[PDB]
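Colleague: Here is what each chain is made of, one letter per residue.
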Amino acid sequence: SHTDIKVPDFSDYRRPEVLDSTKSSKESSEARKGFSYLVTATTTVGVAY
Amino acid sequence: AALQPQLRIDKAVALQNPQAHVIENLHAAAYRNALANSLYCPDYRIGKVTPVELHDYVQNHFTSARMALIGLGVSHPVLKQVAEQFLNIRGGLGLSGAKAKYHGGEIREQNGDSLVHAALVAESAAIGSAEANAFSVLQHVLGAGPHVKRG
Amino acid sequence: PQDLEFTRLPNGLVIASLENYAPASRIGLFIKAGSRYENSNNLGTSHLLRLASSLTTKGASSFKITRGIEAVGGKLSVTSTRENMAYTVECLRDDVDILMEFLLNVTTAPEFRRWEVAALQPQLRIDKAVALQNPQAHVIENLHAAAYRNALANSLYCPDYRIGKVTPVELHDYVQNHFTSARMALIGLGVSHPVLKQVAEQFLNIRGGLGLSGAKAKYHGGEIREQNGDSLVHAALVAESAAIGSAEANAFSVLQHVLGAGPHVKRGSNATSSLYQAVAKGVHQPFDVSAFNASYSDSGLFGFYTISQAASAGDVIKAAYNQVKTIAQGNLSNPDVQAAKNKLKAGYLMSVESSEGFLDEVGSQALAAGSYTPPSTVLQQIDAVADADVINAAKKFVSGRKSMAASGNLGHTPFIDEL
Amino acid sequence: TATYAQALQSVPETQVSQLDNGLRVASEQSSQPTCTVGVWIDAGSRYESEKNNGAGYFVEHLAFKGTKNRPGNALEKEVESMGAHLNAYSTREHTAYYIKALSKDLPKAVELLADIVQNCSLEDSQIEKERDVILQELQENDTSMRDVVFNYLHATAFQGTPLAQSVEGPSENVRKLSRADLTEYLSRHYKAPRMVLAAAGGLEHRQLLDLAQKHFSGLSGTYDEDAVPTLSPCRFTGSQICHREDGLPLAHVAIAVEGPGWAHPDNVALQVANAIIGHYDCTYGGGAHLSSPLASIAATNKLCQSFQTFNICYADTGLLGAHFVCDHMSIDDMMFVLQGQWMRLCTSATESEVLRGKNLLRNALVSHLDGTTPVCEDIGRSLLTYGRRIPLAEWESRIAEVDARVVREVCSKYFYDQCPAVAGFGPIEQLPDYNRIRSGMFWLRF
Amino acid sequence: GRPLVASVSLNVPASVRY
Amino acid sequence: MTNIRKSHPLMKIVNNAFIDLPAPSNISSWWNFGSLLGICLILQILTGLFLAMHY
Amino acid sequence: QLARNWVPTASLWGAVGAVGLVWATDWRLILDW
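Residue numbers (UniProt numbering), protein chains in the order written: chain A, 79 to 127; chain B, 152 to 302; chain C, 35 to 453; chain D, 35 to 480; chain E, 61 to 78; chain F, 1 to 55; chain G, 12 to 44.
Bound-form chain A, shown alone:
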């Protein structure tokens, strides 16, 4: 019935750091996110100039 549903794989678009199924995702999570923000901030310095 309802439970027959399942999650298909998004590993593709991912990047390898948390790609493992057995890992604590938190390990990179600190370093993982900061990449996303480091971009965001640096974008701004230019705008400001």
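It is worth saying that the hints were derived from the structure and are not from the lab.
Check each hint, because a few of them may be wrong.
[As the list claims (entries may be wrong)] Restricting the straight-line Cα-Cα distance to at most 27 Å, the calculated cross-link-like pairs of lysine-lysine (DSS-like) are: (1) D:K138 <-> C:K379; (2) D:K336 <-> C:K162; (3) D:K210 <-> A:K84; (4) C:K359 <-> C:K430; (5) A:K84 <-> D:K85; (6) B:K252 <-> C:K352; (7) D:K142 <-> C:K300; (8) C:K98 <-> D:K138; (9) C:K300 <-> D:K163; (10) D:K111 <-> C:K379; (11) D:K102 <-> D:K138; (12) B:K252 <-> C:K436; (13) C:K315 <-> D:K111; (14) D:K336 <-> A:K104; (15) D:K336 <-> C:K300; (16) D:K336 <-> F:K6; (17) A:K101 <-> D:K447.
[Claimed, not checked] Here are some, though not all, of the chain A residues that point toward chain D, as calculated from beta-carbon distances under 10 Å: (18) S79; (19) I83; (20) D87; (21) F88; (22) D98; (23) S103; (24) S107; (25) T121.
[Unchecked claim] Sample of chain C residues with no beta-carbon within 10 Å of chain B, all distances over it, derived: (26) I160; (27) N168; (28) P169; (29) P193; (30) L205; (31) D207; (32) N262; (33) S331; (34) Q399; (35) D451.
A virtual CB, placed ideally from N, CA and C, is assigned to each residue, including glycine.
Assemble chains B, C, D, E, F and G onto chain A, guided by the hints.
Modeller: Same frame as chain A, now just chains B, C, D, E, F and G:
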């Protein structure tokens, strides 16, 4: 679909008259099956009715045996003509399995009226009988419709 | 620690106490005022009153009250039935005094402020509704009407034209009418008697007045059938049972465990109940039957509440009912009763072992008796039941005026005349 | 007497005993005529394979259908002979078989019970019967929406882990299921030390262990391997799931982030933050003057019907979040509120409101501790969790540990700027896109 | 059967039982 | 709407002609002009002003 | 009620403004490199 909303507003205005609501309940108390059937829709029955359910009861209970046509101001032959023409269909007919099985009891609804309404009934007889007349006489004994205003 | 200490007052209100070692420290307060004590124009009042709980006392603003209990961490409770409303409260071992003091102010110091009364009008329905999720809920309430006339027929809920009907005053009287220090009964649990013993006489001595007992409920049977939209029709058959506090009340309490099946095993259809078995044998696929026994002060009712499908109900009833006959005809099993006794004794103790439940069981005796009976004595008395009793006990339910309540799709639903 | 400090002191202590084959024994004496007799097993779905999914669940029903020495329905006809209630239930991380009974006939109970644990009648008569009921139930299970969304909830966070999977498992397996594979899992994880036994009542300890003694000293109940101890840390998925169905009147919501496992210091530190933020429902008499900002607003403007917050800490994992129900036009506003409370805690919170939270949890703690079964019941998981530890009075000491900075510093970790999980059930549509929620986690200082 | 039943109002929780 | 900071001046509720104004999913960079048009204009006004300042 | 937190936060925003403010005009100062 558009006729679903309509029933209540109709169904309501009939219940202005308290006696109205009182009567409908009564047929239940005195019967079981047939006459106990309301002239109105119990409200969970509302969304219940399909075109088909209608559509059968249409043709189920229709027959040229049961159908009866009455003219008034018009000559018979004109009447006589078209009558047989279209109105001859079947058959099927008439589902008499309802004897209504008089079965008494009493019902008391707790309500907010200052004027309580009640009635007492022992079953009378069938229509078309001297007894039916006898009660039709027996009423005018006690039974008072006003023959004089306010009297 | 110390066992049950219950103490009559001059006011006659029993102050019962125990000493615990536990940091849980609770108190409870019982009152005789049930739905039977509402009048034709007093209807739903207690039910409304049961929502008078949180309101503005005469001792304090309800705000302070409410912010009071939480920041302390205590908890309040209120409970009623057709007979005895109960005001329960609990907090840590240490702080009961602050809380306990407020228990008074509510029952002691009423204020009905016409504005503050209005906001509770909306509330009843939303409460009143959720109780009627359970079909059996709606079924039961109707039943007391069918079997009675006046008292127990009174609902625990507000007939809806009665809604806008209730004034502060109407409440305000029933407050003081039915309150008295004769009727009021206070129970401590974790707290020493003397502390309990102190303040009890202090505030709670008021009058007097009105217990008015004129409701005998006058068992008067009948049957009621509501036409509804359920696929599973619900119905019950009741010949009146006896008063609470009797070997008969026990006999039926025994007589139930004969047929009466609560599941003792998860999902298990109880075989030791002949009822379901003697039914399920001749019967077809899902259904349920259980036996209903309940008693109040002056009297109670015994019956069995059936759940079946469209056609089955009658035979579901009939066979089970016919199966009841089997018992009434001289059928007996002493070990079954014995096992049932084992069930009951256990079931009783398993029921009683729970403190909070037993907390009721304390004052449930009180307003009934005012003394305490060790369950041992009960367990003894449980034994005291004769079989011919339970034999003729069922015979009564066969031997006397019976009543029905039915709701659903009724097309196949028989009357008691079919029975 | 009863005095809170002293009240901690006098309690029948945790008892422990250990048999040879890995069985654990333990007890506490409540000085009660009755005893809850129970068993807890750590064999999970997280152990179960992709066919084994839901099998143990299917198994769960089967025990009481009769056993080896006691064929079909000869089992309970002895049980109800005593008048002792009986019940069993299972869980993703645990399964608990237990009995509630008078202390008298216990000599049969465990021996009755021990038979059931391993000796079992595996009979396709019952199988097909039970195979049907489950299938019957599988479809019926759409009727309670609560359980429904949680299934979505796990699977969205734990995707790629056996933990993420249906307890009853997918349907077709149940049809495909054969009792040999059971016998595997029967043989696999029902060995000791996996097995654990406890009880509470008038029983003390010794007089338990002596009549523990030999079945199930024992019947092995073994110790070998099943490898060891097969488990893995599970992945945590920033994501969303939505089942949009607009017909229904109301739409549940669940939102959460992952947290520490069972054993972990902070697990208690976050017990209070929930208690503080509290919960609301349609039906309270609390009104708008309650202290909980949520119960104040959600009663005020009835922004929801009700909600409650949950905590579930797995072995390695924990779950913090709430579950609410609100009008299909009222959804957004519940949220923008709900992010208020968590976020404001992480910075501006205060020691006052700490106390009101502190007291409650003390109450709730002490509260649940009454009654035979719950007392009995702690031990089993606790054993499977912290071992024997029932650090009763310590919990109090543990309570004294928590601090204003603590809660802030704790919540700073597990809330501020994180990736939340989002479960939903229709008529959702109003519910904003993720990208709002995400930006909505971290304040801008507003 | 039932006790018969009960009702609840109170504060922090809310319910109805049998 | 409890404590929404977009209510207090009602002007902010007129603002929700934007931020919650829904749009279809698929939209080509063909659609970016309506924006630009207004933006191309803003600059105009300003520069077209400072001209006059010395003009 | 003596708000304790937000004291350090404001300490940044102030320094956030002043520096950038000095950055806006950028006049007489000390360090170059």
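Colleague: Now, for every hint given, state plainly whether the structure supports it.
Modeller: Right, here's what the structure says about each hint:
no. : hint              : in the structure
1   : D:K138 <-> C:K379 : holds, 13 Å
2   : D:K336 <-> C:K162 : holds, 18 Å
3   : D:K210 <-> A:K84  : holds, 19 Å
4   : C:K359 <-> C:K430 : holds, 11 Å
5   : A:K84 <-> D:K85   : holds, 15 Å
6   : B:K252 <-> C:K352 : holds, 22 Å
7   : D:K142 <-> C:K300 : holds, 19 Å
8   : C:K98 <-> D:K138  : violated, 51 Å
9   : C:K300 <-> D:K163 : holds, 16 Å
10  : D:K111 <-> C:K379 : holds, 18 Å
11  : D:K102 <-> D:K138 : holds, 25 Å
12  : B:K252 <-> C:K436 : holds, 23 Å
13  : C:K315 <-> D:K111 : holds, 17 Å
14  : D:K336 <-> A:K104 : violated, 37 Å
15  : D:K336 <-> C:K300 : violated, 39 Å
16  : D:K336 <-> F:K6   : holds, 20 Å
17  : A:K101 <-> D:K447 : holds, 19 Å
18  : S79               : holds, 5 Å
19  : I83               : holds, 8 Å
20  : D87               : holds, 8 Å
21  : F88               : holds, 8 Å
22  : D98               : holds, 7 Å
23  : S103              : holds, 4 Å
24  : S107              : holds, 8 Å
25  : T121              : violated, 16 Å
26  : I160              : holds, 21 Å
27  : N168              : holds, 18 Å
28  : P169              : holds, 13 Å
29  : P193              : violated, 6 Å
30  : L205              : holds, 19 Å
31  : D207              : holds, 21 Å
32  : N262              : violated, 7 Å
33  : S331              : holds, 24 Å
34  : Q399              : holds, 35 Å
35  : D451              : violated, 7 Å
Of the numbered hints stated above, those contradicted by the structure are hints 8, 14, 15, 25, 29, 32 and 35, listed in ascending order.
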